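Starting from the structure of chain Y, add chains X, U, E, G and L with the ligands where the hints point.
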Amino acid sequence: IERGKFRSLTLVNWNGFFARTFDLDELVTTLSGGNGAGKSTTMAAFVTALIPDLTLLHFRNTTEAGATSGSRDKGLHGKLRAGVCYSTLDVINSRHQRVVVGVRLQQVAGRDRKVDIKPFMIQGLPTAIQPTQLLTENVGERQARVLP
Amino acid sequence: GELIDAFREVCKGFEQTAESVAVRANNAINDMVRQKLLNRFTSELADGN
Amino acid sequence: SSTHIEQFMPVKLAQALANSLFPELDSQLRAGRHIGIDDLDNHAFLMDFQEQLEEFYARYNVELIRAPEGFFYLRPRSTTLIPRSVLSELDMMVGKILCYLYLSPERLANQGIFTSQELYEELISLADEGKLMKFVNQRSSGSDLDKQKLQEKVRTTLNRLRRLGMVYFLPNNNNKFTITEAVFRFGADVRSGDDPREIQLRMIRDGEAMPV
Amino acid sequence: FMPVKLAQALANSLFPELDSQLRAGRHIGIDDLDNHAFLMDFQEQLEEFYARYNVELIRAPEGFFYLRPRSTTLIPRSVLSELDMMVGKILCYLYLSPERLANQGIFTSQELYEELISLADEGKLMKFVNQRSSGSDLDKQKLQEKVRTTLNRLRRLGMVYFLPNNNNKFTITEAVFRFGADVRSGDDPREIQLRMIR
Amino acid sequence: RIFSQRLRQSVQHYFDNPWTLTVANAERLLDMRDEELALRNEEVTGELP
Amino acid sequence: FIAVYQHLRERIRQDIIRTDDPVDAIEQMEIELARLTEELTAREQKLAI
Ligand SMILES: Nc1ncnc2c1ncn2[C@@H]1O[C@H](COP(=O)(O)OP(=O)(O)OP(=O)(O)O)[C@@H](O)[C@H]1O
Ligand SMILES: [Mg+2]
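Chains as they are written, first to last, in the entry's author numbering: chain Y, 2 to 149; chain X, 50 to 98; chain U, 2 to 213; chain E, 9 to 206; chain G, 295 to 343; chain L, 1187 to 1235.
Extracted from the complex, chain Y is given alone in its bound form:
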């Protein structure tokens, strides 16, 4: 039997990323770059997309690992920009079925730094469609817009 695999990860309107798509590897994928480049942010987006349970999600620093802190802020809100945001995964099923899972993220206006999540799923999408293009509208001269 052929085991399923994760094909790619897509980020839209995150802190520092407007619309970026990482193509995963069959065995190992590595992220490199100086401090503050955005590696841990990519990890967080993936996990978020995986388990949208807002109760659970808590992104501590790598230092202070293992300390149950109850911090005032879970650390997700700041990784998002104003407006609408997305995080999606493309998966090839053992059945050789292409399925697109993801979440719609959006900041909540108000003093409390809260976040809203709406999961979604897509089945049967043609192999020629890329999520980056599916989630954006081409407005103006190569100045695309994101769509709700």
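Just so you know, not all the hints are guaranteed correct.
The following residues of chain E were derived to be distant from chain U, with all beta-carbon distances above 12 Å [what the hints assert, rightly or not]:
| # | residue |
| --- | --- |
| 1 | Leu82 |
| 2 | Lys154 |
| 3 | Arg161 |
| 4 | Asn173 |
Here are the simulated DMTMM-like cross-link-like pairs (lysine to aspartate or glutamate), alpha carbons at most 20 Å apart as the crow flies [to be verified]:
| # | chain 1 | residue 1 | chain 2 | residue 2 |
| --- | --- | --- | --- | --- |
| 5 | U | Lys150 | U | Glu182 |
| 6 | Y | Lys75 | E | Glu70 |
| 7 | U | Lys150 | X | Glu58 |
| 8 | E | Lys135 | G | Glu321 |
| 9 | E | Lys132 | E | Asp145 |
| 10 | E | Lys150 | E | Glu119 |
| 11 | U | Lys154 | U | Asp207 |
| 12 | E | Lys132 | G | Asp328 |
It is worth saying that the hints were derived from the structure and are not from the lab.
Where a beta carbon is used, it is the ideal one built from N, C-alpha and C, also for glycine.
Below, chains X, U, E, G and L with the ligands alone, put in the same frame as chain Y:
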């Protein structure tokens, strides 16, 4: 229920407001019973009617 | 030695407070719920650490009490840290009737399952129907609308007693329910064959009951 | 077993009282010297203690402590009235700069009454009293009454401290910020507070 | 034949000395009324990589 | 002594034990004890199988 319907007709005949007619009818029925004009039979067999 | 639980707290009390059952129970108890023999988990827990709980709650100026029938409950003092409230007279009428129903061997064959209609029928059989109707409405004179209103008030108060833990509805049918021994507190004014006035005085002195 | 410092904390004589208060929803500010110091000292363990109830112990950035229930809260929940929030937002606005020179931290019921009346829309006012009400004396009287009522509620929350005499004059605590708006880089507090009020 | 008389007479004559029991009635946890959720909408745009 | 008796009289559990005489109540209680012991014996025998 039949007594309440009869009271509604009287109230219509007096051109009165349709508000609280069920209450007004109960008050009137209780007043007639209290004035010994009507005898009321409450049987367990009649499911409380 | 220093940094040792015994310096600040008895081991058994800390062991109790660390149990997974405590928060539930605490929450409930504070809300006024009575605990009987049927909810094993809770009851057993209570039994195991009785004195520690009593000592604990004492800090609040509240007594954790154990009735002879085996049910636990909270009785606040005058200086209580936790508010205290009183039941309505309709709640008492339904309470004393539920008590007589529990005792009745004539209905023991039901295996504890009673219907709201049976409760209502027993209540009207004993109390003054037309005079009791005064609490529903000042003009009540036996009209069916007023009789249905009385039945609905009963249904409501019964639902409140359920929350106090005095009665449990069936899992799928809400028109039927089962009694528990906690109802015997409504008989606190007559369990001893003595002068009613003196009993009442004793009860108000103990903080069990208030007049109206 | 149980952590030693947690046992120490809840063994303290101040705990029962503070527990009682907290469960009620009271906010602990810097004014309550002993309670605030106690929370500062034992926060790391009290947070864990209250997490067992599915309730969150939060320290606001301004400095005051309070509890926030989850959906799964073990403590019975209760919710504020629209009028309540209205008033609260009002008080947040009154925590202004000219306040210092205007009242030296001590307000009166009439200040809030008149501010409420002046700043709010008529419609919502009506909604607060009864939709059938219309600019009547009695309505105003009832509104006054409600104001007093809600104010008392708030005092229970610890938002507002009445000066110890029968008259209705009070001072506003920092914890009123909980009502306040979101702050963005360079934004003027007066403007944003008014924007939400509108 | 001990409690029949003992309890029935109490219910029959309750109103001559009405009395009420005491219960613990701890306060409910006051919470903010949830306002209608207001998200941030900004129609963001940008150059595509 | 009177006080003691008075004290005790309230503490009776349910109707079958309503002998207003404490001392008399003792034996009834003990009877219950024996009853319960037999029921426990039968139940633990059932549990084994
Ligand atoms: N919640 C947040 N609010 C504001 N800025 C944030 C937040 N989380 C991360 N940042 C900033 O985003 C940038 C990316 O941080 P991130 O941890 O993803 O980088 P990195 O390349 O993984 O770094 P490092 O390897 O040092 O952990 C950094 O400037 C960080 O300061
Ligand atoms: Mg990082």
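Q) Checking the smallest CB distance to chain U, is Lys154 (chain E) really beyond 12 Å? A) At roughly 23 Å from the nearest Cβ of chain U, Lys154 (chain E) sits farther out than 12 Å, so the non-interface label holds.
Q) Does the structure keep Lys135 (chain E) and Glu321 (chain G) at a Cα separation of 20 Å or less? A) Roughly 28 Å between the alpha carbons, so the hint for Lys135 (chain E) and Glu321 (chain G) is violated.
Q: Compare the distance between the alpha carbons of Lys75 (chain Y) and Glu70 (chain E) with 20 Å, and conclude whether the hinted pair is satisfied.
A: holds, 18 Å
Q. If you draw a straight line from the CA of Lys150 (chain U) to the CA of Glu58 (chain X), is it 20 Å or shorter?
A. Answer violated: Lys150 (chain U) to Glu58 (chain X) is near 25 Å, above 20 Å.
(Q) Hinted pair, alpha-carbon criterion (20 Å max): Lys154 (chain U), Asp207 (chain U). Please report holds or violated. (A) violated, 31 Å
Q. Is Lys132 (chain E) close enough to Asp328 (chain G), meaning Cα to Cα at most 20 Å?
A. Roughly 17 Å between the alpha carbons, so the hint for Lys132 (chain E) and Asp328 (chain G) holds.
Q | Hinted pair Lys132 (chain E) and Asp145 (chain E), Cα distance within 20 Å | A | holds, 17 Å
Q: Mind verifying the non-interface call on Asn173 (chain E)? Its CB should be farther than 12 Å from each CB in chain U.
A: holds, 26 Å
**Q.** Distance rule for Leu82 (chain E), whose beta carbon must clear each one in chain U by more than 12 Å
**A.** violated, 5 Å
Q.
Check whether the Cα positions of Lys150 (chain U) and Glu182 (chain U) lie no farther apart than 20 Å.
A. violated, 29 Å
Q) For the pair supplied as a hint, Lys150 (chain E) and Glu119 (chain E), is the alpha-carbon distance within the 20 Å limit? A) holds, 17 Å
Q. Is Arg161 (chain E) truly not at the interface, in the sense that its beta carbon sits beyond 12 Å from all beta carbons of chain U?
A. holds, 16 Å
When the structure is compared with the earlier hints, violations turn up for hints 1, 5, 7, 8 and 11 and for no others.
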